[PDB]
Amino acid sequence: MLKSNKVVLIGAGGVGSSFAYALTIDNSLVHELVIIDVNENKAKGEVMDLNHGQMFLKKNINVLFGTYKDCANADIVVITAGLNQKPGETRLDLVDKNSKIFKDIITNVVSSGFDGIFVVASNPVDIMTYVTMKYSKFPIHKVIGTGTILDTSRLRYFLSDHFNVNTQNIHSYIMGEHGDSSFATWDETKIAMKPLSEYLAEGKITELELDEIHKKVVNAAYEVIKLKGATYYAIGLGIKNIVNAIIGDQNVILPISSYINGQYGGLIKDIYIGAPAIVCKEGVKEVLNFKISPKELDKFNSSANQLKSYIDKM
């Protein structure tokens, strides 16, 4: 028998609503979308606005107001609820209030009988991913965070604009914390099959331009927050892509919040951090391990140690 695939969204603010809109437009078999928000009226209005556009979609989809009960037979639970950062605030300044919000959300979600896959976007996303795994008691491979997918998308856009080359051919990652301590894989970067070192040697880009691009990646959230209050379009597309990759069993490699336990030298273990992993219908299929340059490995270790600090204080 054929099945009805169900996604429950928890948190109907800018990020969640953008994700839901994008998913209705570009849908890899999501038959039911259930929206949950502690602000009941916001969720109701978003459900209405999404349903009023069905005539313009490629496919019809069931979009419903829901409660935690709906998670019982959900295949995916997307969590975007929590406080976002205000001007002058880091993502780590949200750890305490957002962890308390996630203790409550994860209890309800677990008590309903949910046994699908978690997709976490709330900040700080790596620590919130670890918290989801611990509170839920779920296997490590059924808990996914968006990690550095958004930072990587920003990096690839900036490089695409610099070289006037489609983002599809920009093979570079942001790894580490989804935050101030991230780093770019400059030494492993290629444009199609042409290494970045050849572009540097040819004077088509400079090392300080690389430093500036990485700093723009790091500061992008702060800039967009100053300009329009919060970021939601790019993260909405990233979540949509993760969801479709899961439902489609696409076995695609993405730089997500991945649980490391021996990879990248093993100096730091048992944390979630921005790193490449294979995604499929069962969740994470494998957390990859590849050699990165010594300086880049020191940056990775420093970022992972920063994360481990917060994990140890709880």
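Numbering follows the first chain given and starts at 1. Think of the rigid core as the biggest set of C-alphas that the two forms share within 1.5 Å after superposition. What changes on going to the form deposited in another entry:
- With the core held fixed by superposition, the comparison between these two forms singles out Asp93 as the only member of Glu188, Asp180, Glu209, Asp93 whose CA moves by at least 2 angstroms.
Switching forms now, from the form deposited in one PDB entry to the form deposited in another entry, please provide the structure.
One chain, no partners, no other molecules: that is all that follows.
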């Protein structure tokens, strides 16, 4: 029989609100969208503002103010709650703050009876995916993090503007930690079928500009925060696409926070890191295994070791 697909959103700030907006505009069958925030006034205001535009939507959608009661029968739970760049300094203190919040949130969600899929966006996304997995006891393939999807989006925009080519034809990935230790898969990048190495040999692009594009990908968050306070639109679209791919059972490969256990180096094991995986109706279907050049394998290993280091502390 036909069912009502339910998505609960925990965290009604810039990122969560942007995701909800984009989802109401472009919906792949999300019958009910439930919004939860510790600041209940903000959640109620967002629910009202999103409902007031139903007349302009292609489809109608039930946007509801919610409590954790609502997670019992939910099909997806999207977490965007946290302290976006808090004041005390230190990203280890950030991890502590946000994992403290996640303890509470996850306990409430699991005590509700929820048995769907987690989609995690709160920073540091990889560590918070790990924390969600452990605090919840869910299977690893029911816990997803956005990982390097936003970094990959930025990378592909930079390459599209460089070559003046639709992002549709830009086949490159950012992998590793969603942060400063990320790396681009330069050696495996293609523009449509044309390898990047041919573009280098023909002089359209140089290794210098590749270094600069990567530095740009890494500095984009800081640039945008300086310019406008926060970043939410691109990540909102990424979250929306993950959700639509899940509910669409599209078997699509995405650069998400993936749990690796031998893939790539046979060295990196037992953590969530930015990597390509198949997404479908049940969550993660497969963590893809492919060879990366030695340079990029060393970068991957260093990134995973940085992640292990930050986990160890707490």
